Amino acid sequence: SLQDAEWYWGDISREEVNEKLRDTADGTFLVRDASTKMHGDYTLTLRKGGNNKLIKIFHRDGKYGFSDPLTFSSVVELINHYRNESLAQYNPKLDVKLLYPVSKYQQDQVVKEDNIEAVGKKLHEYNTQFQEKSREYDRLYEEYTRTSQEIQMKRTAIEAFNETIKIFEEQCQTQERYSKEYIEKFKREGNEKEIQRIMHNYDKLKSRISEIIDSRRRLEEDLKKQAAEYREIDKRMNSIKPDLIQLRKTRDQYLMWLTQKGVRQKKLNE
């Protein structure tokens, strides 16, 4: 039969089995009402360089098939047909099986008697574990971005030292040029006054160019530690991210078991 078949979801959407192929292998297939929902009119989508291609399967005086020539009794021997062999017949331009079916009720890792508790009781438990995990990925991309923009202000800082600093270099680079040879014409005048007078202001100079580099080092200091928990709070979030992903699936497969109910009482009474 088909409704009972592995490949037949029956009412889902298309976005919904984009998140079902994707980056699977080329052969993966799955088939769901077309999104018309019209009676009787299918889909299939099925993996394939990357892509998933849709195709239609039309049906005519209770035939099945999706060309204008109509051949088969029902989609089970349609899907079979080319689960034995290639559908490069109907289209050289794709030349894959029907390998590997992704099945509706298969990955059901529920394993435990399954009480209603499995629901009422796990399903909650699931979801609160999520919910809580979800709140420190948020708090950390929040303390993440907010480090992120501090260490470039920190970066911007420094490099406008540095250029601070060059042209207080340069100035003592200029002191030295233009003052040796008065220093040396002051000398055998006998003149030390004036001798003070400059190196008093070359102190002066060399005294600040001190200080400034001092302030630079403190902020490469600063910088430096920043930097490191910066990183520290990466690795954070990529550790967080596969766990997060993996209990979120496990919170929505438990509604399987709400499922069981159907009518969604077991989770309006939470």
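Here, rigid core means the biggest group of C-alpha atoms that superpose within 1.5 Å across both forms. Numbering follows the first chain given and starts at 1. Compared with the form deposited in another entry:
- With the core held fixed by superposition, the comparison between the two forms singles out 117 as the only member of 95, 194, 150, 117 whose CA moves by at least 2 angstroms.
- Relative to the superposed core, residue 136 undergoes a Cα shift smaller than 2 Å between the two forms.
- After superposition on the rigid core, displacement of the C-alpha of residue 245 between the two forms stays below 2 Å.
- In a rigid-core overlay of the protein, residue 24 has its C-alpha displaced by under 2 Å between the two forms.
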Contents of the next structure:
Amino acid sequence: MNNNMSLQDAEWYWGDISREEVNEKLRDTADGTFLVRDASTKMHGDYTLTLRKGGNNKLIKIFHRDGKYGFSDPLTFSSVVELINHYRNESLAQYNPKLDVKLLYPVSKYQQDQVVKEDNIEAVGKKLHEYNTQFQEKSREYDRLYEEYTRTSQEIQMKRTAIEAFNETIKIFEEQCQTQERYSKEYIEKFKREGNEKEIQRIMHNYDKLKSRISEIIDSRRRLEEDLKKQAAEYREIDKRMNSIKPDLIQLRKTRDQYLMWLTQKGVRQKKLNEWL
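To complete the pair, please output the form deposited in another entry; the form deposited in one PDB entry was given just before.
Shown below: the chain alone.
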């Protein structure tokens, strides 16, 4: 039944669509995945075959002359449908060994029909409105989540260099403890000779003043440590939530897109579409 089908009716024939449109369809797909579009009007050739091989898109021009179609002279095929079906059942190695692959998986223009089986325009347009609404909602939810995500990441960064600033501070006040003790062991030891304990209540009142300030600084950077650990937790919690929203987002966009496709076929006025979108 295949070879007599009109090219228009072919599932893998997408008419005049962009290479960019083709690219999105083929993005991250298994080898053998393919479709046909019209060639650029400004170039020689009629149709462009695009298939996946080795994680890359391969574009193969299809030419016409005097009833015959093909990739290169001589043109041996009676129609484009005949060409495709041939390479569905045979490797393109025959055309070129440097790509040994069959056309296994046609990207179908009827795919959405498989998804949306409701045959009523207004009803399909109704679901599209709901699907679009749910998707726009999830999108904004994700947006506010990313906003907090960045703000949190930034405030975590500030706290961290502040922690280092505290450490460096603490290191100095320790060095000052070291300095005073370094120099004291002579004077004090010589000044408990000559019976001066009054020279202590000044020297010692200062040592404990220094030690007190140290404790306060350590206490303050202990605080910042807990604050940071807390906010770092919020960060990872925000990340989790966003990672939950992401899959739902993509699926919602893809379902919306299919319902757009189904309604774009059957030729719904752009105006009617935009009420639903």
